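Turn these sequences into a full structure, and let the hints steer you where they fit.
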Amino acid sequence: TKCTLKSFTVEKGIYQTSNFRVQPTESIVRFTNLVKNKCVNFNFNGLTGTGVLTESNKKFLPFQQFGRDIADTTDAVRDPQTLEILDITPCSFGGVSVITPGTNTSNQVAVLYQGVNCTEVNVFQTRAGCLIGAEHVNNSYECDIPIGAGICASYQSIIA
Amino acid sequence: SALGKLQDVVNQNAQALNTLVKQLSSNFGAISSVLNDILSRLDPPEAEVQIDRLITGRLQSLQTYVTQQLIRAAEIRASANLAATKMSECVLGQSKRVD
Amino acid sequence: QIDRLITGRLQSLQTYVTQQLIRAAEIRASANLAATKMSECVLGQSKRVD
Amino acid sequence: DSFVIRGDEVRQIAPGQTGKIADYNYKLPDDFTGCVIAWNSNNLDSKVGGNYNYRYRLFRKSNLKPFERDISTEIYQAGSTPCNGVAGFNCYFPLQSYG
Amino acid sequence: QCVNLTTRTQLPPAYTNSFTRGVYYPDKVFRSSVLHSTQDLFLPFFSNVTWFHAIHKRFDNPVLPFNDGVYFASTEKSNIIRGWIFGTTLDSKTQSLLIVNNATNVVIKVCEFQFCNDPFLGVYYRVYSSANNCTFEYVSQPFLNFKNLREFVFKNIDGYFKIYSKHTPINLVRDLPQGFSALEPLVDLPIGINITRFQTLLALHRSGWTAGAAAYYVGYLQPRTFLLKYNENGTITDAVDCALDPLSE
Amino acid sequence: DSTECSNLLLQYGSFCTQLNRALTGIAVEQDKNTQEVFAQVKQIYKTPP
Amino acid sequence: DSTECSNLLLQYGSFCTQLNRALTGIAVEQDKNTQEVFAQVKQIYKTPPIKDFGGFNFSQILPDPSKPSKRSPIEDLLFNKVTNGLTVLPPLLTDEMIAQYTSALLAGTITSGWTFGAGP
Ligand SMILES: *[C@@H]1O[C@H](CO)[C@@H](O[C@@H]2O[C@H](CO)[C@@H](O)[C@H](O)[C@H]2NC(C)=O)[C@H](O)[C@H]1NC(C)=O
Ligand SMILES: *[C@@H]1O[C@H](CO)[C@@H](O[C@@H]2O[C@H](CO)[C@@H](O)[C@H](O)[C@H]2NC(C)=O)[C@H](O)[C@H]1NC(C)=O
Ligand SMILES: *[C@@H]1O[C@H](CO)[C@@H](O)[C@H](O)[C@H]1NC(C)=O
Ligand SMILES: *[C@@H]1O[C@H](CO)[C@@H](O)[C@H](O)[C@H]1NC(C)=O
Ligand SMILES: *[C@@H]1O[C@H](CO)[C@@H](O)[C@H](O)[C@H]1NC(C)=O
Ligand SMILES: *[C@@H]1O[C@H](CO)[C@@H](O)[C@H](O)[C@H]1NC(C)=O
Ligand SMILES: *[C@@H]1O[C@H](CO)[C@@H](O)[C@H](O)[C@H]1NC(C)=O
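Residue numbers (UniProt numbering), protein chains in the order written: chain A, 299 to 329, 531 to 620, 641 to 675, 691 to 694; chain B, 943 to 1041; chain C, 992 to 1041; chain D, 398 to 496; chain E, 14 to 69, 77 to 145, 158 to 176, 185 to 247, 257 to 298; chain F, 745 to 793; chain G, 745 to 827, 856 to 892.
To be clear, the hints were calculated from the coordinates, so they are not data collected in a lab. Each hint should be verified, as a subset may be incorrect.
Said to hold, decoys possible - Here are the in silico distance ranges between beta carbons for each label pair:
#1 F:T747 with E:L276: 17 to 25 Å
#2 F:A771 with E:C291: 17 to 25 Å
#3 B:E1031 with A:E654: 39 to 47 Å
#4 D:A484 with B:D985: 27 to 35 Å
#5 G:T768 with E:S172: 34 to 42 Å
#6 F:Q779 with E:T51: 34 to 42 Å
#7 E:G232 with D:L441: 47 to 55 Å
#8 D:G413 with E:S161: 26 to 34 Å
#9 B:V951 with G:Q787: 27 to 35 Å
#10 F:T747 with E:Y144: 51 to 59 Å
#11 G:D775 with C:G1035: 52 to 60 Å
Quick reminder that beta carbons are idealized off the backbone N, C-alpha and C, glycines included.
Set out below in structure tokens:
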């Protein structure tokens, strides 16, 4: 956060500092074996990309090979070896935000991975994303540092 | 058409996001709109030029999107300031202001 | 050569459209003010000072 | 950097060139600054019986880095059969001399 | 072997309306419940398509310019239409493409053939004389009141020959039925040759000769934009011609 | 009227559509502004003679 | 994910930082807009259980206990009638809390007049 803000003192707040990427683990070329449910680099008949290949309920017509959504992005594909339909979910990219009080007060921080489930990264799951380093409490206070979706963080340790 | 004002904002935001996505399919004068195809078909001295063309086109698209988002944000901020004024003066009190 | 002319003219047109949008926002604010004056000064008597 | 090459290979002493001595003998970076100097030396670096003192790397597994020198006189495996440091079928010396 | 057919009856060619036919899938991409605007060689809606008959004495086998693509509509019963003749000069000087469907299979050949002036087949109850230099041969599975409707689209793009086809069960007696049916892509051929002229291949019925009852329609493909509707199951159910009228525009 | 220029311009995508849409929005906004300011009555009142 | 593209993109400087900062300013501005419009009371008021308002009926604007969303019938109808590096940040105030703020404003203006906007 100090590196991003170009300052040695950080004011109390939430600062988006980095971009979480689910790194591709394997390379699947189908024209090797096929690996599903993982963020892999797929190469299907010259069409390459990175994604999670899951089972699809979309029934393609026999002449069709790839699938596109409204925004013309490839979200469905057919494996050439075995004629099955696979959904290509994009890997869980997210924004890494750092929630901290003032450095005059404390050096404790919490990390928010925006729009990322907590199983794909004091760990709490919010609709905004996964918050690591903040203890979730059942009490309600005024909002000090906004997290989102009704979640706020404060220092009293860091609580959400 | 009762709730057209909110639907226009939703449609404009969705259409701007869709246009920003569809700008990725344009090559902007390069041989292809895909970076992988350029990196696999050409050596780095010419792939650098083609990637530079794609970079400047996509950067121009992103700047255009951010600029129009800022203009729409100013419009929405004006509407929200008006809504806060109506909340203070029409709901929290009785207003003598005509219309 | 046409690529250079196209990028220059497209930049000029984008600059013109951006300036027109900002001026349109200013004129819209002025028109909203004028509609408020039409409602509150012409169609009624206003207690608002100035 | 001083060396002796052929007459047709002087185009390969340049940034961003694809070629044979560019890949396996002498590579220049894409951001190279400086000057390449070439002059004919048929009167000095040639013999009527054949001047074989100048050698080039005919065979290598991979392209060089910029400003990388390879003087290793190890054998090359040009086939499926391993060579075990001995010349033979599809086993060639990497350094061959200009005639 | 060639035979001149000298028992034809002179009649001008007919014309009729295309309605909303001739649509095909532009690519191999599945689309679900979305509207896609595409610029390609399409057949114009409600266009003037040339109508040819085979009835007894009518035997319509002329040579027509290919242009940028060919839409072939066939109101067919008993399988009289068997194949097509593709080329530029239709002689041994150039290389020509032959499409035939005999009693067993379909044969696609790119060779230097000597075409007859009147090529035909025959069924008992003769299309070339020579073949010199062949470069491509491809044997495939058979594609096939008027009971059958056969739609075909032939395109020559970048040396690729695209054949799109659709089989439709109809019960209309004379003209083209009014409806919507998108043509699936059937086969892409790596031919890489120039084609500017085509000719239909018919089959005779012998019991001289008799022509079986068949009717076919020729339409020409033009570069235009279509707005295609894709349903939940991914089939094209409706289309809009962007250059037909201002409403569809 | 240069067709080569338009063919090269199609490579840049929907910039032209965006600019036309923005200008159309401004154009309808001006009529909306005049409608909001001046058309505040649905009855055309007349002074006595 | 192209590293060569990012290496060439570093030549253009801090354009990406400016775009992200402008979008972040817009994103916090939206939450500020919602805060200014709806969070005008710091007391959450409730209507009495007996809806005896001298014949005045507010059932279409008061929250419906039968609905799980705790919205008014009018608010429920309004919510039903409105239908690559990109992320959508959730709003700070959820629809339930905005509905709760409107419920507090309605309860204040029904039970207390304009007095709650100027003091106790
Ligand atoms: C069928 O008729 C055609 C046209 O009348 C014949 O083609 C001609 O054949 C003669 C024979 O030497 C040539 O001199 C002409 O140049 C041909 N004309 C054209 C336009 O090519 C054809 O030969 C006839 N078939 C048979 C079997 O005789
Ligand atoms: C207040 O208004 C509501 C809604 O108009 C009334 O509820 C209706 O009551 C009648 C008979 O009691 C029913 O037939 C309707 O179906 C009800 N409508 C709804 C939407 O529930 C209610 O009676 C009114 N009075 C009070 C005291 O609540
Ligand atoms: C089709 O063309 C013929 C002449 O080629 C013409 O007589 C006829 O009227 C045309 N039909 C339509 C529907 O335009
Ligand atoms: C059909 O044609 C193919 C090749 O031309 C041939 O092998 C086959 O025997 C033919 N069948 C009949 C029934 O003529
Ligand atoms: C084509 O056929 C003719 C006649 O058989 C022959 O003379 C010629 O060499 C052939 N051309 C090629 C390229 O084989
Ligand atoms: C294709 O054939 C036509 C007619 O014979 C001719 O005009 C055209 O130039 C040919 N094209 C090529 C590329 O040979
Ligand atoms: C799509 O397919 C399903 C079969 O699962 C069928 O029930 C439905 O009617 C089809 N819809 C259309 C529009 O064809």
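Going through the hints against the structure:
no.	hint	result
1	F:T747 with E:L276: 17 to 25 Å	holds, 24 Å
2	F:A771 with E:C291: 17 to 25 Å	holds, 24 Å
3	B:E1031 with A:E654: 39 to 47 Å	holds, 43 Å
4	D:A484 with B:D985: 27 to 35 Å	holds, 33 Å
5	G:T768 with E:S172: 34 to 42 Å	violated, 59 Å
6	F:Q779 with E:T51: 34 to 42 Å	holds, 39 Å
7	E:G232 with D:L441: 47 to 55 Å	holds, 53 Å
8	D:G413 with E:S161: 26 to 34 Å	violated, 58 Å
9	B:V951 with G:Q787: 27 to 35 Å	holds, 31 Å
10	F:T747 with E:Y144: 51 to 59 Å	holds, 57 Å
11	G:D775 with C:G1035: 52 to 60 Å	violated, 36 Å
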